[PDB]
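Q: Read off the chains here:
Number of protein chains: 2
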Amino acid sequence: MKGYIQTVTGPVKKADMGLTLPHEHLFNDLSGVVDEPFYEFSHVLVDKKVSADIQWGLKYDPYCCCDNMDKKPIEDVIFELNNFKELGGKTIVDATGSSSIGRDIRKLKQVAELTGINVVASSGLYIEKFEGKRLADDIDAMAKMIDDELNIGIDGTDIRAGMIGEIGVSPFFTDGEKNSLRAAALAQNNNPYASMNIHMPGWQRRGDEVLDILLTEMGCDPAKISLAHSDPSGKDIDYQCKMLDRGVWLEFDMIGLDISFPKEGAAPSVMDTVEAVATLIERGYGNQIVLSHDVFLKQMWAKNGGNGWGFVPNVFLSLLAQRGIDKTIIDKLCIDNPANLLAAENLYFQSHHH
Amino acid sequence: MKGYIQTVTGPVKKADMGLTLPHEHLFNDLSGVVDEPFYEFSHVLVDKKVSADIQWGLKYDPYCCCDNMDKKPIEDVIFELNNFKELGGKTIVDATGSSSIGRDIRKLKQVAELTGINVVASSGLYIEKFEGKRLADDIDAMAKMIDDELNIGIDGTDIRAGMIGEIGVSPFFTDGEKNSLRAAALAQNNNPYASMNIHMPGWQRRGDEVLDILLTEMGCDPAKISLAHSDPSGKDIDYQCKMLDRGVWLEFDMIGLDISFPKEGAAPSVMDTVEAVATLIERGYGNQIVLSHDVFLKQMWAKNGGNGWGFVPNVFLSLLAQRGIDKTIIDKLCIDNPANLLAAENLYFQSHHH
Ligand SMILES: [Mn+2]
Ligand SMILES: [Mn+2]
Ligand SMILES: [Mn+2]
Ligand SMILES: [Mn+2]
Numbered sequence: 001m002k003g004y005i006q007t008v009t010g011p012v013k014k015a016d017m018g019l020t021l022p023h024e025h026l027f028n029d030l031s032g033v034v035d036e037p038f039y040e041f042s043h044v045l046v047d048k049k050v051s052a053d054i055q056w057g058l059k060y061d062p063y064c065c066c067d068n069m070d071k072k073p074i075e076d077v078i079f080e081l082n083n084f085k086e087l088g089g090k091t092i093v094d095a096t097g098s099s100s101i102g103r104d105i106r107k108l109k110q111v112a113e114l115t116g117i118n119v120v121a122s123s124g125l126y127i128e129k130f131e132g133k134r135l136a137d138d139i140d141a142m143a144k145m146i147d148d149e150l151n152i153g154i155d156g157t158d159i160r161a162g163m164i165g166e167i168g169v170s171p172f173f174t175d176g177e178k179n180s181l182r183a184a185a186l187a188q189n190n191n192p193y194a195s196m197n198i199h200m201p202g203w204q205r206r207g208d209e210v211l212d213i214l215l216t217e218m219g220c221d222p223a224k225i226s227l228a229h230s231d232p233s234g235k236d237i238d239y240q241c242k243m244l245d246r247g248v249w250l251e252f253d254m255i256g257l258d259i260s261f262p263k264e265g266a267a268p269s270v271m272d273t274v275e276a277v278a279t280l281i282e283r284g285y286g287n288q289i290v291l292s293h294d295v296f297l298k299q300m301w302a303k304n305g306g307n308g309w310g311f312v313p314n315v316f317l318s319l320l321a322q323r324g325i326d327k328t329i330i331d332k333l334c335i336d337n338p339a340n341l342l343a344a345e346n347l348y349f350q351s352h353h354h
Numbered sequence: 001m002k003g004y005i006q007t008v009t010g011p012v013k014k015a016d017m018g019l020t021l022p023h024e025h026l027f028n029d030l031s032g033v034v035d036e037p038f039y040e041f042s043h044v045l046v047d048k049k050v051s052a053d054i055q056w057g058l059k060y061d062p063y064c065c066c067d068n069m070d071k072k073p074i075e076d077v078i079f080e081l082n083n084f085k086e087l088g089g090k091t092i093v094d095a096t097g098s099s100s101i102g103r104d105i106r107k108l109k110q111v112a113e114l115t116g117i118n119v120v121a122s123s124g125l126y127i128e129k130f131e132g133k134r135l136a137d138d139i140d141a142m143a144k145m146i147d148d149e150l151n152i153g154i155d156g157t158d159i160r161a162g163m164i165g166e167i168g169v170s171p172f173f174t175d176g177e178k179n180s181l182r183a184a185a186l187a188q189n190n191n192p193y194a195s196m197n198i199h200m201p202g203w204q205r206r207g208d209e210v211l212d213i214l215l216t217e218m219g220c221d222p223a224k225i226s227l228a229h230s231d232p233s234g235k236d237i238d239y240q241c242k243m244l245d246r247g248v249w250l251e252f253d254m255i256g257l258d259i260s261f262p263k264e265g266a267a268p269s270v271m272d273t274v275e276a277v278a279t280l281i282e283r284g285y286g287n288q289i290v291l292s293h294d295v296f297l298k299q300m301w302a303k304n305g306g307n308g309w310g311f312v313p314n315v316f317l318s319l320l321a322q323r324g325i326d327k328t329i330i331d332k333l334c335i336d337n338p339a340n341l342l343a344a345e346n347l348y349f350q351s352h353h354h
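Read top to bottom, the protein sequences are chains A and B.
Following this note's numbering, the numbering of the first sequence begins with 1 at its first residue and continues without gaps.
Following this note's numbering, the numbering of the second sequence begins with 1 at its first residue and continues without gaps.
Chain A on its own, in the form it takes in the complex:
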């Protein structure tokens, strides 16, 4: 009851969230993991500024380009956000939950004030590759940190997070990552409105072991848990329905990503995901799906020839409609659904303790 989201400028009631994107990165910095150029052509990308003129290459080796991986200028973030705003965009979640990946709580507040968009910050440790020993801390300590960031503030400020995540599960699902997941669960069970977004290794099928921890062991409310990067398992209907049957949300947050990673594999096409999401809706699971773009690289901005933050509510929703999905469901996918995931009260834990 009384569902709401804690934004960077205060609480917003569930009914007031409107068109919402539940998994994006407004301010992140991946500067400490620029990769060496992977291919013979990649060397020319390395020191170049991201623009439309190098999409040809960035779509095959995004991580070799320093600029692509560097901090995001506020001017550029606001320009791209004004795109979403023009379509009736009202709320956006920054899933940059850790200093490991450049969370910038003060710029998030700045952008909310300038644009009037509801901006939700996150708290959560990422994969061991970025976090190192931070995942080896006591689970209670890690949980306390997340609890403080949700209820008191971040980085010495009074600006609070509204989501737990994105919690890092790597393709190696390390013992530290498992510890991190347990800490996130403890924090969630102390915070009646907080959803938990899990970064999944999308080209793997690790959902059952993740949910054995969150659901079976830690006793979390499945309706407050979302599995990120579900997109690359979209052809695997049996796996996806198995997860949905455990009561969690599947998040297709790579819509319009349009990049091939030299290691981890190539992102599904928009049409691939249209078919997956449409088939899940036909199977009765429309009320358990959320959609986003996971903008996390400068190449993804529309001003650079990427798809930006308008693509899901404008293009993808139109594609679903052409595929014959009913308008009533389509209208829920980017409004009611993310509002319920992010803001509905937990059914198992309705008190916040000290």
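Just so you know, the hints here were simulated from the structure itself, not pulled from any lab data.
Each statement offered as a hint is correct.
Pairs of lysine-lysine residues, derived as DSS-like cross-links and limited to a Cα-Cα distance of at most 30 Å, are as follows:
1) B:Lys85 / A:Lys48
2) B:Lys263 / A:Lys303
3) A:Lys49 / B:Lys48
4) B:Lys85 / A:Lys303
5) B:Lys71 / A:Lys303
6) A:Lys48 / B:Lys48
7) B:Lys303 / A:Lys263
8) B:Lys235 / A:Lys263
9) B:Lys303 / A:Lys85
10) B:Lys263 / A:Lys332
11) B:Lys263 / A:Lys235
12) A:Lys14 / A:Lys2
13) B:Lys90 / B:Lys2
14) B:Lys90 / A:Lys49
15) B:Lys263 / B:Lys178
16) A:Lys327 / A:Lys14
17) A:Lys303 / B:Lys48
18) B:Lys90 / B:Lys14
19) A:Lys129 / A:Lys71
20) A:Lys327 / A:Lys13
21) B:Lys332 / B:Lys2
22) A:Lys109 / A:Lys71
23) A:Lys263 / B:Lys332
24) B:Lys90 / A:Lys48
25) A:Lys303 / A:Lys263
26) A:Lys49 / B:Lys303
27) B:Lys303 / A:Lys71
28) A:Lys85 / B:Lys48
29) A:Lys48 / B:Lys49
30) B:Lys49 / A:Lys303
31) A:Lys90 / B:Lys48
32) A:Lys2 / A:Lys13
33) B:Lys14 / B:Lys85
34) A:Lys71 / A:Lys263
35) B:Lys235 / A:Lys235
36) B:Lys327 / A:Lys48
37) B:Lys303 / A:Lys303
38) A:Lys49 / B:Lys85
39) B:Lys144 / B:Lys14
40) B:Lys49 / A:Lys90
Following the hints, position chain B with the ligands against chain A.
A: For chain B with the ligands alone, coordinates are given in the frame of chain A:
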């Protein structure tokens, strides 16, 4: 023997062609078939100038945008060509073979002179949708026209074509289109160095009936025939090998196209085509494959965030190398192969008659 290509500034010997793109459009104009906006979002595209900022939409409804479909400014063509030149690009084929689709023989010559790139013009009637009654002419008359454009010149000039094509076979393969194919065959059999490029309905499997006409009926040299738009049949190995076994070239000319057409279907991904082409090479057919981009819309230019004319020799070739194809074959795919298709002498017809 003595293989060569007739370019817009004169003959170039086969050995001097270098890095060659055998299927592109430098100057074309599709202004008379702008489609109505297909989707709810498409209306904003209609009157906008193509830029990186509307790729989001043009990738799903390219033909509704008037600017995208209009004539190509020479400044823009030269900028994009200088990209290819920088990679050692030496020769490019404009497959705009008809006034129906805006062939501009004088601008082709202009660009060759300004850039030093060997530019090959084409002669050939397109699909009935564009050509109408022009396909209902006497086959001998149609053949004479193609013969004159190869040997005397185009549009009152002394600038000649060097390729027959792209010959229009629509998804309806009309009687007119069949007539057009026969005229192209007659012209080829009178022109010992001219290759014939057939626009195929790529999401269909019409190759056997096309080749029954060209090969069985008209007696053409299969080694001078290329089937365009083979890309969307790349998963259909049995069909593709059946065509290759008849001795013709398969052209994968949609590499880096990255567009979904609302009717005809979505283009294969670059990685899809990497796998198809690699598997054909592993099957022994590497000497029967050519590669191109089919740049035909302003959205495809690199300056707009498309992949431009550098993508095949830079990115695709690197991808094939990562997939473990041998360098000796990779070096042939964009040099020896297109030179042989375009410039080798016909084995069946070695005299030009009047
Ligand atoms: Mn993630
Ligand atoms: Mn993310
Ligand atoms: Mn064509
Ligand atoms: Mn073409």
